[PDB]
Structure formats: structure tokens, C-alpha cells
Amino acid sequence: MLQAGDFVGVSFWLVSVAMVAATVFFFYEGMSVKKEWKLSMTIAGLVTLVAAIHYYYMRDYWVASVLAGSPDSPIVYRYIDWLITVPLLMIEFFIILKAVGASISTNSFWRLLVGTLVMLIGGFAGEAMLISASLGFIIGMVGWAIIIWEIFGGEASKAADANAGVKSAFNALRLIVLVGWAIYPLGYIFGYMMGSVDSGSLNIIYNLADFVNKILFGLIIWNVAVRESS
Amino acid sequence: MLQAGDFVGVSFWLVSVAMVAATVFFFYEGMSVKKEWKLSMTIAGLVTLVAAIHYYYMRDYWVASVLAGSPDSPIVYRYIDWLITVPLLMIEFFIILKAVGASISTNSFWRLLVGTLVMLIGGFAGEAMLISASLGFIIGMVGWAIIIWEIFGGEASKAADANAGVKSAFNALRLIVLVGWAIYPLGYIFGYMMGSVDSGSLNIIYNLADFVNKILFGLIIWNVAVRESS
Amino acid sequence: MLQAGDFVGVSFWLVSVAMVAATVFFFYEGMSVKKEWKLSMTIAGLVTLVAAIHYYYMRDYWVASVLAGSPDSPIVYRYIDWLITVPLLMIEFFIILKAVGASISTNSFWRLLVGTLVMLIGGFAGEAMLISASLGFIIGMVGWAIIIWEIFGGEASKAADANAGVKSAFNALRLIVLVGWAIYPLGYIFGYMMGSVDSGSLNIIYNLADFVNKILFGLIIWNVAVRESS
Amino acid sequence: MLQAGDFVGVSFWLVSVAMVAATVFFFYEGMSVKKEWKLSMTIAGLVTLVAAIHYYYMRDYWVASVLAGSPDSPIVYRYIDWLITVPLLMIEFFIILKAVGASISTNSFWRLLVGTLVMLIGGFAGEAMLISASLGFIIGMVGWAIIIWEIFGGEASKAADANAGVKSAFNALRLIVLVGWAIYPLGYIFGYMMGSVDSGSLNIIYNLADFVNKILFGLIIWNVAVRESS
Amino acid sequence: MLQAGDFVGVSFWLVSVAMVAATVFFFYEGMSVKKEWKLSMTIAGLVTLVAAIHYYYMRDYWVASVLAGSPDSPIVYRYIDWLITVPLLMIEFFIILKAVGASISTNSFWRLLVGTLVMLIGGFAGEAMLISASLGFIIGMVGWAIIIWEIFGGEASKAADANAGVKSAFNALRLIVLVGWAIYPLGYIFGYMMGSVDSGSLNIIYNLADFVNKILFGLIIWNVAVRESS
Ligand SMILES: CCCCCCCCCCCCO[C@@H]1O[C@H](CO)[C@@H](O[C@H]2O[C@H](CO)[C@@H](O)[C@H](O)[C@H]2O)[C@H](O)[C@H]1O
Ligand SMILES: CCCCCCCCCCCCO[C@@H]1O[C@H](CO)[C@@H](O[C@H]2O[C@H](CO)[C@@H](O)[C@H](O)[C@H]2O)[C@H](O)[C@H]1O
Ligand SMILES: CCCCCCCCCCCCO[C@@H]1O[C@H](CO)[C@@H](O[C@H]2O[C@H](CO)[C@@H](O)[C@H](O)[C@H]2O)[C@H](O)[C@H]1O
Ligand SMILES: CCCCCCCCCCCCO[C@@H]1O[C@H](CO)[C@@H](O[C@H]2O[C@H](CO)[C@@H](O)[C@H](O)[C@H]2O)[C@H](O)[C@H]1O
Ligand SMILES: CCCCCCCCCCCCO[C@@H]1O[C@H](CO)[C@@H](O[C@H]2O[C@H](CO)[C@@H](O)[C@H](O)[C@H]2O)[C@H](O)[C@H]1O
Ligand SMILES: *C/C=C(C)/C=C/C=C(C)/C=C/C1=C(C)CCCC1(C)C
Ligand SMILES: *C/C=C(C)/C=C/C=C(C)/C=C/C1=C(C)CCCC1(C)C
Ligand SMILES: *C/C=C(C)/C=C/C=C(C)/C=C/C1=C(C)CCCC1(C)C
Ligand SMILES: *C/C=C(C)/C=C/C=C(C)/C=C/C1=C(C)CCCC1(C)C
Ligand SMILES: *C/C=C(C)/C=C/C=C(C)/C=C/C1=C(C)CCCC1(C)C
Ligand SMILES: CCCCCCCCCCCCCCCCCCCC
Ligand SMILES: CCCCCCCCCCCCCCCCCCCC
Ligand SMILES: CCCCCCCCCCCCCCCCCCCC
Ligand SMILES: CCCCCCCCCCCCCCCCCCCC
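Taken in order, these protein sequences are the chains called E, A, B, C and D. Following the authors' numbering, the numbering of the first sequence begins with 1 at its first residue and continues without gaps. Following the authors' numbering, the numbering of the second sequence begins with 1 at its first residue and continues without gaps. Following the authors' numbering, the numbering of the third sequence begins with 1 at its first residue and continues without gaps. Following the authors' numbering, the numbering of the fourth sequence begins with 1 at its first residue and continues without gaps. Following the authors' numbering, the numbering of the fifth sequence begins with 1 at its first residue and continues without gaps.
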């Protein structure tokens, strides 16, 4: 059971229920957008669904840990969700371009998918101590650099500028990725490589950031689906 | 297991099952209202769904507490649901205006959403002892004042008076918010700041009030959706 | 685990699974009746759903009780389901009249809903020892008298006689209510006020009676929905 | 946890997951057959759903029993599923005749339903030691004789011969009932009355036979629904 | 709870959540492909669903095992999923040929289904020590040889070459079966009959290979369904 002074556990509870709510929202609304937009909504629901399932597990772990007198929820177990949800979120950049009928190579899809996995496998390997934390940071920054380029100066960026319906959503989502998602590499540096931030602080931040970095991402996509389904 | 003479636990059981029933009702009926009304029904189902999930957790907590000989379910854990359900319920004021094709700025939507979060974060901070209870009450009353103004003298109020289909539902819902929802600030004053009411009494009241403050809210919205889907 | 020779526990298992089956049936078939009939099917599914959820809880309680050497499942916990399912079942009398396009005041709906809650709150208060068992019986008989009058000599009765499609279903359902449902006041008298029947006998009877008093009620409604959806 | 060399427990695991798979299949495909065939598919899904729920329970029981050093899963708990699933399966003989638009009295439906319950109540009473095992066998054989006659020489048999679309499915299903289902009375004789077969052997056989006696039954019905939905 | 440095347990967590995601994806998207393709999508969802349910069980087992100080998850319990999922995956070769309206005997369907079960029953019998591991390998290789022939030189192969829409998917899927699925017989030889590979290594490999051997299989099928649903 969650104790009352435990803000980390409160944050796990909040985000766990938010994510169940988000899942149902995307799935149920996805049934009522134009067919072109249905896949978008599906991906959003999947993202929130994986997160929900994992947060249900992770919250249990935390609470146990707090009863056993040493509260910890290691960042490394986050990757069980990130390995799935982060590639899904990134392919949404391709998917919504397709939905507005932008012309865009499938090469953009693979660039997005590989860059995302390079980024995550680098960090996971570093956190799981399979390789040096420095080497994991570098490999992960390479992945980052690829995805950032795709959506800020690469094909997907250019496709989005050509289309006008998606242009503004694309701009919102790419900002979340640029700025919203910067907490993760920051946690890896200051949390993990430097030890300047405790895991409990990190867990609160990561938990609260999921309102932006996943739910608001999905709601921006729903907003354009619904304006385009008109 | 729920013990004999435990009305608090009985109230948790009643409301927990009511809320599952409500969720399914809104989702299943939402499939059969006009498309304009589908989002309304979705929000209602989400509200009852979050509440159901949380009441399942909270009832477990209570029962444990009663076996351990000190029965308590602190109000603070209510905010895990309120932080999500209360903003959802309030945005229904915007959503149903849109469904009847009222003209209404999105500024009304943000005013509703911010005022609601100011209201709740103020109370949560006060209850979680992050700030003085007095300061949390004041900040929360500011949030309240904003939402009350929106639906009683602000844009949403005026839009609703212009439309005739939603006028009467809008009036019902705004009364629930004005009167039905007054139990919450009252519990904060008499329960928490004054200690004149025990948490067990509060928990019964809050549990029973969810029939009005959430379910009847949703059923009023369904009633207008169905009269307008004709 | 359910032990050998435990017919009470067997009855809980039977009814718990029947009710899950019934729920899915009503929801899945409700998707394929004429729109006029969809709400009926919804209410039936809700009734069986609440019952299923509660029987899952109650069966657990019983089994525990049998391991702890004193087998009891008090009737009072039945009211957690009855408070919801009984009003739902009774409003079906109004709903199916509306579905056949009978003319029927909403006053009939409120009479049904109030009479049902008077009936149950009276009994609950009596069991639960909030008031005398005698007084709870009387108050509950008042509720009964109201609902019986509505469907045997009141508006709903007359509406049903005017319509021919629903006439025969209405007659079946009102007989279940008159006769099928008489076990409940009987249990209160002989079980609770007189002590002439043990709770274990009562629990078997109540469990088995749910085949008639809820499932067959729902199947009669489905049968007319399907003959009218043609 | 399922232990090494436990084939009985392996069989429970296999069948439990098969039955979940079957349920989802029938429900999801039932959404895509002609409306005439939707009820068939519903009944099949219900059958597999009850079985799945019960096998989840029963497998837990077995595993417990094996840890407590005496492995037993008594046949008597099978009746909790059979009492529901066997009547459902048998009414499929009526339902698919209706789906092909055969002319068939509802008397055939009641004959099927009563004969099935006579058959099962007889066996249950015998196994639960409420009556002699001999008497339970006799009463159950009476039930059997009724259903066998209905589908091999009674109205349903004749209706099916008149129709050509269902003729061959009807023949397949009646053979499963004649032959596939003979394991059950055989287990009652050799298992229970004679003691010549242990419950563990019986449980393996019954578990494996559900591939034929329930799933293949449902798949034959789906096969004709889909050839008729063309 | 999943412990630190447990890559086997991490792999179980990853795959368990991936498979839930995959299930929902196939079911939800299957609602939006042409009717010809709906069964394909159904089979894919079933495959991932069984796997998910089993991985939820298996991960629990592993974690227990690691607390009890001897980490093992025997390959034999894999067959509880394989016995169902592998026949399903293989019949997809028939199903998608039907969906593109290829001419193909049902004999191909039975050849696929029998060859698959021969293959698995042989291995299961060998692993469960019911027969020699050698004999189980041989019997299983016979099953393999049948299915490989069907899709590389048999009817299904030839049908697929005649059609052009499915040709390329058929080629992708048959390569996964040829190459992707070779890990399983390899594990049986080197893992089980030779002991050259520990179960923990095997479990990681098998867990990770499900991204290819089940999910990517399903996504290739979805990709052709969606290009053909256009
Ligand atoms: C279309 C509409 C559908 C209607 C669906 C309504 C669902 C029913 C609502 C209640 C269900 C939730 O009920 C219960 O909630 C608690 C906490 O919230 C969950 O949580 C508990 O167990 C899980 C799983 O081990 C842990 O991760 C968690 O830490 C613990 O608190 C339970 O796993 C869930 O069973
Ligand atoms: C379209 C609708 C179709 C729906 C199909 C029908 C669904 C039927 C499901 C009923 C079974 C409910 O099953 C069980 O219910 C009990 C109470 O009843 C729940 O409750 C129990 O465990 C949860 C676990 O966190 C606790 O929160 C709770 O305090 C405790 O009493 C269980 O979590 C649930 O597993
Ligand atoms: C309609 C679309 C298809 C949907 C497919 C659904 C398949 C579900 C398969 C069965 C699920 C498991 O069903 C399982 O059954 C047993 C009893 O029957 C329950 O039983 C257990 O928990 C409940 C509630 O916590 C207790 O009341 C009970 O004493 C205990 O044994 C499990 O809680 C439930 O999890
Ligand atoms: C079809 C549309 C999409 C559906 C959603 C996606 C699939 C959902 C995956 C759920 C995974 C099941 O997760 C878990 O499985 C194990 C066995 O596998 C179940 O089994 C465990 O508990 C039950 C209930 O007491 C026992 O009967 C059983 O003996 C035990 O092993 C758990 O009760 C279930 O929670
Ligand atoms: C499709 C639209 C609607 C979808 C709605 C989605 C709601 C579901 C959200 C999360 C539900 C909770 O999901 C939760 O996940 C954790 C971690 O993976 C599981 O955790 C537990 O599961 C089973 C229990 O037998 C074990 O195998 C496992 O080891 C254990 O940790 C919980 O059983 C489940 O309760
Ligand atoms: C829903 C969860 C999200 C959006 C997670 C995002 C995670 C990242 C963007 C991770 C990035 C990393 C780098 C850029 C380098 C260092 C390693 C990582 C994995 C932390
Ligand atoms: C479903 C739950 C509901 C409707 C909860 C509503 C809660 C409020 C309206 C809370 C209001 C508060 C104030 C007005 C000031 C004091 C602090 C609060 C949060 C108790
Ligand atoms: C599904 C459960 C059902 C149909 C329950 C019905 C219950 C009643 C009709 C209860 C009736 C009572 C009276 C008529 C007076 C005495 C008190 C009651 C509540 C037992
Ligand atoms: C899915 C389960 C099935 C098909 C169960 C079938 C059970 C029977 C056909 C039982 C038959 C019996 C008799 C014919 C007489 C003896 C008693 C029974 C109940 C074992
Ligand atoms: C999703 C799981 C999959 C695809 C499992 C596949 C398993 C096989 C292809 C097993 C093959 C075997 C042989 C070819 C011979 C030896 C025995 C087996 C069962 C390991
Ligand atoms: C920052 C957003 C986080 C949301 C919290 C999780 C709750 C579940 C999300 C469901 C939200 C549906 C909201 C619908 C918005 C409708 C009006 C939009 C008009 C601009
Ligand atoms: C009389 C008791 C009924 C209890 C049934 C318990 C099992 C769950 C309900 C399944 C629903 C079965 C639907 C059968 C429809 C029969 C069609 C025949 C028309 C006369
Ligand atoms: C005798 C074996 C009967 C089959 C049992 C299968 C059990 C586990 C899976 C249940 C789901 C089956 C879905 C089958 C789809 C078959 C499509 C056939 C195409 C002609
Ligand atoms: C290599 C296998 C990759 C899939 C791994 C599974 C990850 C979880 C389930 C993901 C399912 C969703 C994939 C959607 C892909 C949409 C492809 C866009 C067009 C090419």
C-alpha cells in the first residue's frame, strides 16, 4: 500500500491511471476518425497501453521497495517500456505524413526506426552496465542525432512543410521530442553518470513528464486527425 | 474481507461497483449517439473508469486498515482520481456546447482546464502538507472562482443561454458543480483544517456523493445526447 | 479452494460463471437488435455484470469463511448488488414500453425507481440493524406495494395492455417480479426476523434463483427485442 | 507453479489457453458472419468462455493439490462448467436449423434443453453423492436418450435432412455428440462407479477431449456460417 | 520482482509486453482491412494472444525460480504455447492464399496442420522424456520436412507464385519459417540433446526471437492485407 508522504509513489499512481485513461481514449476515439487516421490513433493507444501495463508493474515494485526500507525503482526498468513505446512514438512522424497524403519514402520510416533503436540500445547497454556509461551515451546520442535530423531537416521535415494540414502538428510533436524528451538524456547524465540526482527524483520527473511526452503527444495527433476527419 | 458493521467499507463496495457499471454504460451507449455526441460520452466513461480503478484500490486499502485495527483512508489519496476526473468533468461544459454547435472560443476550454487544476493543485498541496492548509484553500478557491464564473457568467454560460437544446442540461450540470461539488471544499474545511469531521464520515459522504457528482453528471449528458441524436 | 460437499460454494461457483456468460451474451447480442431495443439489452447486461462482479467477491468470502471453520455469507452483503441491480431491472418495465413506442409518462419511470429504492433501503436498514427489522420490513413492503401496483394496475400495466408486441413479455416479467422475487421478502422474514432458515440455505436459494430472477428476466427482454427487430 | 513430469497439469494449461483462444476467435469472427449466423457464433463463444474461466480455476486447484502431496481434481467440479456449456452446445442444434431457415418447432428447443439438464442433473446428483451413483447414471441416461433421439431420429434430425446447407454440419456435430461425448458417461462408469480409472487419467482425457467436444464443435458451426455468409 | 542483472527476466518482460501490444494491434487493425483479410488478422492476433498469456505465466515462474536460488525456465513449458501458436502461424500460409483468391486445395491446409503437429508432438514427446530425444528429433524433422516442402515446392508454393499480390509476402514468411524458426530445432539439439547451451541462454534467445518469429510474421501479413484492402 502507498504511504501518504510518498510523492514518488503518488506520482506512480497518478501516471498509472492517466495512462489507462489515455489508452481507452485513443482506442475508442480511433473508431471515429477517418480511416486514413485510424492507424495513428492505434499507435497512440499502443504507446499508452504499454506504458500503463509497465507502470502497473513498476508501481508495485516501488511500493515493495519502500516497505523493505530502501526505496528504489531503477531507471533501467524504464527501458522495458521505452524499447517499445519510443519507436512507436517516433514512427508516428511517418504515419501522420502518410495520413495527410504527403509524399514520403519508406526510407524515412526505417531511419526513424533505426535511429530510435540505436538511441535506446545504446542507453540500455550503458545503464545495464553491459558497456561503459560513456559509450552508451555516445551511441545513444548518435541515435538521437539521426531522429532529430529526420524531423528537423530531413525528408519528414520537408514533407511536413509541403503539407499544411499536418504542418503545425508536426511542429508541435517535433518540439516535444526536442525539448520534452530531453529529460531522458539529462537523467542519464546527471542521474546515472554523475549521481547528482537520486532515482526517486528521477522517477517523479519521468512519471510526471509522461503527461507531456506521451499523452500530449497522442492528443496532438488526435486533434489533427479530428480536424482532418471533418 | 469487508467486516460486519463497516458502513465505510460498504460504501466503498457500493460505489466501486456502481462506477464499473457506469463506465460500461457510457462506453456502450456512446456507440449509439450521433457522432457529434460521441466525445461527450467518451469523457463520461473515462471519468467513471478512473474512479472505478481508484475505488478498487482504495477499498482494498480501507479493508486492510480495518484489520490493522486503525481504520483510515486519507482524503489525500482521493486526489489521485480528482486530478484526472475533475478536469475531465469540467471540460464537458465546453464539449457539449460544441456538440450542439454553439459558438464558443477555445479560451473557454483553457479557462476551464486551468481553473480546475489551480483548484485541485491548491488543495492537494494543502492536504499533502506541501504548503499551509490555509494557503491551499485560498489557491483552490481561486480555481473554484474561475470555473464557477465560466459556467455561471462567463462565455460558456452565455453560449448555453443562446442554445436551447443544451440550455437545460447546462443548467443541471452547473448546479451539480455549484452545489453537489461543495461537499469537497467543505470536507477540506471541516474535515481537515478544523478536524470536526472524521475521515470515515468523509469517506462515506464522498463515496455516496459520487452517485451525484459523477454518475448523475454523466447521465444528464447522455440524456441530452440521446434527445439530440433523434 | 472450494471444498467437498460444499453445495453453498458450488452454487456460488455456478451462478458466478452463469452471470459472466449472461453479461457477454447481452452485450454482444445488444449490438444486433434494432436501435430502439439497444438500451434494454444494455440494462440487462449491466444487471448481470454487477451481479457477476459481486458474486466473484462473495464467493471468495464464503470459501474463506469455510476454511475458518464457521461458514457464513451474510445476506446483508447481497444489498451491495441489489441496490444497483434491482432498480435497473425495474426500470426495464419503462424502457421496453418506450422501445415498442408505447405512450408512458416519465412519472412511471420515477415511481418505479423510487418504489424500488424505498423497498431496498428499508430492507438494508433493517438487516444492517440501523432500524428495527420490523420497521425495515414495513418500509420495504411499502416500496414493494408501489412497484407491484405500477406493473399490475398502474400506468405501465395499462400501456402494456394497449401495446401487443410487448404485452406478453410484460406479463412474463411482471410474474417473475411478483413470484420469482417473493423469495427475497420471504428470506427476510423466515431467515432474518424468525431465524427459521440458515444463511447457507438462503445463499443456495438466492444463488439458484438468479437464473430466474435476473437471467431469465433478461432473456425474456431479448426475446421480444429480437422478434421486434425483425 | 506447474511441476516437472506433471502431464495432468500440462493438459490443464494447454486446454486453458486453447479455450481463451477459441473464445476470442468465435466472438471476433461472429462479428463478420451474416446476421442469421451471429447467434450461433455467440453460443460457441459462450461455451468456450465458460470453459476457459473454469479451467483457469480448476488448474489452480490442481497445482495446489500437487504441492499438498495428494494430486486430485475431482470430476464433480467439472459439472460447474457442464451445467452451463452442455445445454448451450445442445441448443446449437436448434439454432443452426433456424439460421438456415429450416422449419422447426420450439418444442425441439425445449426437448433439447430439458433432456440435457435431466442428463446432467442426474450425473451431478450421483457424483455429488446426493443419490446413488446407479440412480444418477440411469437418470442421466434418460436425458441422453432424449437428446440422442432428437438429433438422430426426432424433429431436428428430420429438419436437417430437409435442408442441404446445414445437413453435413448437422451430421458432423451429431457424431461428436454421439461419439466424442461418450467419454463422459464412460468416465462416470469406469472412473466413478467402478474405480478402474484414476481421476488424473480422467482429467487428462477430459482436458484433451475439449479440443474435439467443444472447440471442433464450434469450428464446424463457424465453417457452415461462413459458407452460408457468402 | 525482477532482480538486478537478470537479463533473462528482462527479456521475459520485454516480450511479454510486446506480445500484448501486438495482440491489440492485430485485433484493432483487423477491424479495418477488407473482409477477405479479416481472418488473417484474426489468426495473427490469436498467435500473439496465446503467447502473451503464456509469457505472463512463464515470467512469473522464472522470477520465482530466481528467488529460490536456482534460475530455470524449462523449454518444455514453451510447448504449451507452441502446440497452439505454431499450427496457427502455419495455416496462415493457406489463409492468405485464399484471401488473394488463389486456387488451392484444402489438402494443403491439412498437410500444413498435420506436418506442424507431427513436428511439435515429436519434440514435445522428446523433451518431456516420453520417448528418446533422438526419436523426438527425428519425428519432429519429419514434420518440418512436410511443412517446408509445402511452402517451398508444394501446392502452396506454386499457388503463391501464380498470384502476384501475395507472392512477396509469401516469400518473406517462408524465409522466417526456414531461417527464423531454425533456432527451435537448434535449441533442441545444442540445448537439450547436447547440453552445450544453458536454458537461460535459450530463454533469452527464444524470447527475443519472438519479435521476428511471431510479431514480424504478423506484420508482414498485415502489410499485404492493407495493400490489398486498398
Ligand atoms: C469498456 C469499459 C470497461 C470497464 C472496465 C472497468 C474495470 C474495472 C475497474 C477496477 C479494476 C481495477 O482493479 C484493480 O485496481 C488495482 C488498483 O487500481 C490494481 O492494482 C493492484 O494490482 C496490480 C497487479 O498486480 C499492481 O500493479 C498494483 O500495484 C496493485 O495496486 C489491480 O490489478 C486491479 O485489478
Ligand atoms: C462488455 C462487458 C463484458 C465483461 C465481461 C464480464 C466481466 C466479469 C468479471 C467479474 C470478475 C471480477 O473479478 C474480481 O472481482 C473482485 C471483486 O468482485 C475484484 O476485487 C478484488 O481484488 C482487487 C484486486 O486489486 C481489489 O481491488 C479488491 O479490493 C478485491 O475485492 C478482483 O480484482 C476481480 O478480479
Ligand atoms: C469476450 C471476448 C473474449 C474474452 C476472453 C476472456 C478469457 C478469460 C479467461 C479466464 C480468466 C480467468 O478467470 C479466472 O477464473 C477464476 C474462477 O472461475 C477466478 O477465481 C479467483 O479469483 C476470484 C476473484 O479474485 C475469486 O472470487 C475466486 O475465489 C478465485 O478462485 C479468477 O480470478 C479468474 O481470473
Ligand atoms: C483480444 C484483444 C486483446 C486482449 C488483451 C491482450 C491480452 C492480455 C494478456 C493478459 C495476460 C494474462 O496474465 C496472466 O496470465 C496467467 C496465466 O497465463 C493467469 O493465471 C494465474 O492466475 C489465475 C487466476 O487466479 C489462475 O487461475 C492461474 O492458475 C494462474 O496461473 C493470470 O491470472 C493472468 O493475469
Ligand atoms: C484496448 C482498449 C482498452 C485497454 C485498457 C488497458 C488497461 C490495462 C492497463 C494495465 C493493466 C494492469 O496490467 C498489469 O501489468 C502488470 C505488469 O506487466 C501485471 O503483473 C503481474 O501479472 C501476472 C499476474 O499473474 C504475472 O505474470 C506477472 O509476473 C505479475 O507481475 C499485472 O497482472 C497487470 O495487472
Ligand atoms: C515515453 C518515453 C519516452 C518518450 C522516452 C524517451 C527516451 C529517450 C528519448 C532516450 C534518450 C537517450 C538518449 C538521447 C541518449 C542517452 C540514452 C537515452 C536512452 C537516455
Ligand atoms: C469526482 C470528484 C469530484 C467532482 C471532485 C471535486 C472536487 C472539488 C470541486 C474540489 C474543490 C476544492 C476547492 C474548491 C478548494 C479546496 C480544495 C478542494 C480541492 C477540496
Ligand atoms: C437480482 C436480485 C433481486 C431481483 C433482488 C430483489 C429483491 C427484493 C425484491 C427485495 C425485497 C424486499 C422486500 C419486498 C421487503 C423486505 C425487504 C426486501 C429488501 C428483502
Ligand atoms: C464440454 C463438456 C461436455 C461436452 C460434457 C458432456 C457431458 C455429458 C454428455 C455427460 C453425460 C452423462 C451421461 C450421458 C450419463 C452419466 C452422467 C453424465 C452427466 C456423465
Ligand atoms: C512462436 C513459436 C514458434 C515459431 C515455434 C516454432 C517451433 C518449431 C519450428 C519447432 C521445431 C522442432 C523441430 C523442427 C524438430 C525438433 C523439435 C522441434 C519441436 C524443436
Ligand atoms: C496534458 C494532457 C494529459 C491528459 C491526462 C490523462 C487523462 C486521459 C486523457 C483523455 C483526454 C481527452 C481530452 C479531450 C480534449 C477534448 C477537447 C479538445 C479541444 C481542443
Ligand atoms: C432459464 C435460465 C437461463 C440461464 C442461462 C445461463 C447461461 C448464460 C446465458 C446464455 C444465454 C443463452 C441464449 C440462448 C438463446 C436461445 C434461443 C432460442 C429462442 C427460443
Ligand atoms: C481438433 C482440433 C480443433 C482445433 C482446436 C484449436 C484450439 C486452439 C485455437 C482455437 C482458435 C482456433 C482458430 C482456428 C481458425 C481456423 C481457420 C480454418 C481456415 C479454414
Ligand atoms: C521486428 C518486429 C517489430 C515489431 C515488434 C513489436 C513491438 C510491439 C507491437 C507493435 C505493433 C505495431 C506496429 C505498427 C507498425 C506500423 C508500420 C507503418 C507502415 C510501414
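To be clear, the hints were calculated from the coordinates, so they are not data collected in a lab. There could be a bad hint or two in this list.
[Stated by the list, open to error] Covered stretches of chain C, going by a simulated chain B footprint (3 or more residues, C-beta under 8 Å):
(1) 38-44
(2) 49-58
(3) 154-167
[To be verified] Taking CB as the label site, the calculated pair distances span:
(4) A/190 - B/185: 54 to 64 Å
(5) C/182 - B/216: 24 to 34 Å
(6) E/223 - A/223: 49 to 59 Å
(7) D/64 - C/103: 53 to 63 Å
(8) D/4 - B/131: 52 to 62 Å
(9) B/230 - D/182: 49 to 59 Å
(10) C/219 - B/185: 28 to 38 Å
(11) E/117 - D/61: 37 to 47 Å
(12) B/216 - A/216: 51 to 61 Å
(13) A/167 - B/145: 37 to 47 Å
(14) B/145 - C/182: 51 to 61 Å
(15) E/5 - D/1: 19 to 29 Å
We put the CB at the ideal spot given by N, CA and C, even for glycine.
Hint check results:
For the region 38-44 of chain C, the assignment as covered by chain B holds, since 3 residues bring a beta-carbon within under 8 Å of that chain's beta-carbons and 3 suffice. Given a C-beta distance limit of less than 8 Å, the hint that chain B covers the region 49-58 of chain C holds, as 5 residues qualify and 3 suffice. Counting residues of the region 154-167 of chain C whose C-beta lies closer than 8 Å to any C-beta of chain B gives 0; at least three are required, and the coverage claim is violated. Between residue 190 of chain A and residue 185 of chain B the beta carbons are some 40 Å apart, a value that contradicts the proposed interval 54 to 64 Å.
In this structure, residue 182 of chain C and residue 216 of chain B meet the distance hint of 24 to 34 Å, their C-beta atoms being roughly 32 Å apart. Taken as a hint, the range 49 to 59 Å is violated for the pair residue 223 of chain E and residue 223 of chain A, whose Cβ atoms sit roughly 28 Å apart. With their beta carbons about 59 Å apart, residue 64 of chain D and residue 103 of chain C fall inside the hinted range of 53 to 63 Å. Distance hint for residue 4 of chain D and residue 131 of chain B: a CB-CB separation of about 59 Å, consistent with the stated range 52 to 62 Å.
Residue 230 of chain B and residue 182 of chain D have their C-beta atoms about 56 Å apart, which keeps the hinted 49 to 59 Å range intact. For residue 219 of chain C paired with residue 185 of chain B, a C-beta distance near 48 Å fails the hint of 28 to 38 Å. A C-beta distance of roughly 29 Å is found between residue 117 of chain E and residue 61 of chain D, which places it outside the suggested range of 37 to 47 Å. The hint said 51 to 61 Å for the Cβ distance between residue 216 of chain B and residue 216 of chain A, and at roughly 31 Å that hint is violated.
About 38 Å separates the C-beta atoms of residue 167 of chain A and residue 145 of chain B, a value consistent with the hinted range of 37 to 47 Å. A hinted range of 51 to 61 Å holds for the C-beta pair residue 145 of chain B and residue 182 of chain C, which are about 55 Å apart. Between residue 5 of chain E and residue 1 of chain D, the C-beta spacing of about 23 Å keeps the proposed range 19 to 29 Å intact.
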